[PDB]
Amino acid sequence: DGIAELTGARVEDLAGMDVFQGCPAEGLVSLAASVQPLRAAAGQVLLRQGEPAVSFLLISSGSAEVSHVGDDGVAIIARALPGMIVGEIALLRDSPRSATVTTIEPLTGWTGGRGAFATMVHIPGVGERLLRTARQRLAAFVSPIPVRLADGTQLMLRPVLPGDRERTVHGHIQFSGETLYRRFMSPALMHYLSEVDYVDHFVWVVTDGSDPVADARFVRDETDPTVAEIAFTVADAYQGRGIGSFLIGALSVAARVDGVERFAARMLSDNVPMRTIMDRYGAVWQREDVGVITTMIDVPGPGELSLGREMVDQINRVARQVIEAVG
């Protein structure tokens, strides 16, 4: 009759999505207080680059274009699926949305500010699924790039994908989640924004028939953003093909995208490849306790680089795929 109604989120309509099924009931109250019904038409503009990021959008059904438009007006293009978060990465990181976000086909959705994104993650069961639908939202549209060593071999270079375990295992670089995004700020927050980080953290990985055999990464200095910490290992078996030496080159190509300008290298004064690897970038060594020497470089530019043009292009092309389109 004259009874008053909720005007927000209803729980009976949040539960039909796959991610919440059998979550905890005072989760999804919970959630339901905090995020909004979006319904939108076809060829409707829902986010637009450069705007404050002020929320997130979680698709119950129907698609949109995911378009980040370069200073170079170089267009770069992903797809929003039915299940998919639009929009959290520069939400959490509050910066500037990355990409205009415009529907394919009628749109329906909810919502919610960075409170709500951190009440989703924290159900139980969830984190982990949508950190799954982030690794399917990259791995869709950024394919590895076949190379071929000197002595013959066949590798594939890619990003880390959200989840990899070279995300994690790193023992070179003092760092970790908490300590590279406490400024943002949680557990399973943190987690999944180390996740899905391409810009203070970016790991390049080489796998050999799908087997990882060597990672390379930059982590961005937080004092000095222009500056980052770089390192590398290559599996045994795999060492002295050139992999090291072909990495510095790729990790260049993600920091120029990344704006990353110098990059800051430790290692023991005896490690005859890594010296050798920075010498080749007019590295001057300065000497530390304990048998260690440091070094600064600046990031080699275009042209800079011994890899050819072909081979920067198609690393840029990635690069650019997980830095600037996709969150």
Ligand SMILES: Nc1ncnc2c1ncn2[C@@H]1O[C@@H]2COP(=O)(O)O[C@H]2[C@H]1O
The other form holds:
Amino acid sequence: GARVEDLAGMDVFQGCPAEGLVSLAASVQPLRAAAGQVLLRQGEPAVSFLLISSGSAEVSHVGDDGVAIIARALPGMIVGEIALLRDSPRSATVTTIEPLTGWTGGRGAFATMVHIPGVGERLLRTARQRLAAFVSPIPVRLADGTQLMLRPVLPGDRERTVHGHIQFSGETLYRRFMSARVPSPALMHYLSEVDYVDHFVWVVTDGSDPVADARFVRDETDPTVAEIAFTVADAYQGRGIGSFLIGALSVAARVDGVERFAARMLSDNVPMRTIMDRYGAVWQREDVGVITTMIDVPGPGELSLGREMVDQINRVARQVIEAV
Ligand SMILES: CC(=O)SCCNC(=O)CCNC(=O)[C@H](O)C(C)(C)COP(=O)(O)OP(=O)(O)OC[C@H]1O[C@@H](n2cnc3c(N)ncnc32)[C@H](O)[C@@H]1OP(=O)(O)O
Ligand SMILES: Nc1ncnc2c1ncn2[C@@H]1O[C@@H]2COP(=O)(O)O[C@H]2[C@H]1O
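What would the structure be for the form deposited with ligand CMP bound, given that what you showed me was the form deposited without ligand CMP?
Let's see the whole complex now, leading with the same chain.
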């Protein structure tokens, strides 16, 4: 098999004490593939997973719309884990780009891997982030006629925004973060790389570039409550996006077992206060210049969204949340 050292470098194994990797390392087998070799095919039954040492691969998923969604598998990453988590067929076709080496294992070695402390949770989180990219974005039409799309957040949204053309002003950032400075890389990682269970995020785009986001973060002590936050790009404000997003967030919260939303905001934020007032918010003074509220996540019919839109949002939330 491999050396414990050889596994120690894989993403999913970071921080894992050597001892826990012993049998796994002994049980995996070496793999070498040439360039342009198909490793896995979408829809096929599953046996093995692969830990990539070197080289890389294209990942290609054909969705219901018939469009192939493309991604990359890189050195340090596992591939073929999702089918083994779900007992499903392969979610994607995986083809080597350049020559690739690594280690493979079967369902037996996979069982060892998932019981390695901390690892099962990492596998699930990464699987969710991956499957999130295969969700069909939901068309949303604003009152003013603007056509946008609604989808779960993706780790890649950090890069898209930072290098994008959509502007978030100093004022917008202060209203959102209590600082006008551009959000640090560390913060942007935190905002875009999430588990969807405890921390859930919707992104609205123009069909390419993100223009807004909404998130809830489940409270540690009381799982039935979550803290919420919203951001909308300046040019996109005042068009109904925020009002839409609180509804979408409420749909996802229902799937996630979240009964109540908590919020804090500057006392001067009129648009946000108004959005929450619709849902029955009563305001407490928290710090100086900050106010807070708790509201019940609105149930059936008291959302202005309409059934078709509600069902689409519910279907997508479940796809990311419940996939594995
Ligand atoms: C809990 C936290 O998230 S606090 C921090 C929130 N984030 C920020 O403040 C950052 C900068 N601003 C924004 O991101 C956005 O403006 C948000 C999230 C505050 C609001 O979203 P928007 O898309 O602009 O709001 P939207 O157009 O849906 O209208 C909001 C509501 O207030 C009203 N409104 C719209 N513009 C304004 C305005 N300039 N001033 C006061 N009220 C307004 C609308 O009537 C609407 O009411 P409705 O729910 O009955 O339809
Ligand atoms: N968005 C993605 N990014 C990177 N790898 C992915 C992505 N989606 C799927 N995969 C990998 O492609 C594999 C195809 O088979 P599985 O569904 O077993 O497990 C899948 C993941 O390992």
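Residue numbers count along the first chain shown, from 1. C-alpha atoms forming the largest set that superposes within 1.5 Å between two forms make up the rigid core.
Trainee: Which listed residue, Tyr192, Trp204, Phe218, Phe246, is the one whose CA shifts 2 angstroms or more between the two forms with the rigid core aligned?
Mentor: Meeting the 2 Å or more criterion is only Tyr192.
Trainee: Please determine whether the C-alpha atom of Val101 is displaced by 2 Å or more between the two forms following superposition on the rigid core.
Mentor: Shift of 2 Å or more: yes.
Trainee: Superposing on the rigid core, do we see a C-alpha displacement of 2 Å or more at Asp13 between the two forms?
Mentor: The answer is yes; the displacement is at least 2 Å.
Trainee: Could you check, with the core superposed, whether the Cα atom of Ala228 shifts 2 Å or more between the two forms?
Mentor: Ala228 C-alpha, core-superposed: shift of less than 2 Å.
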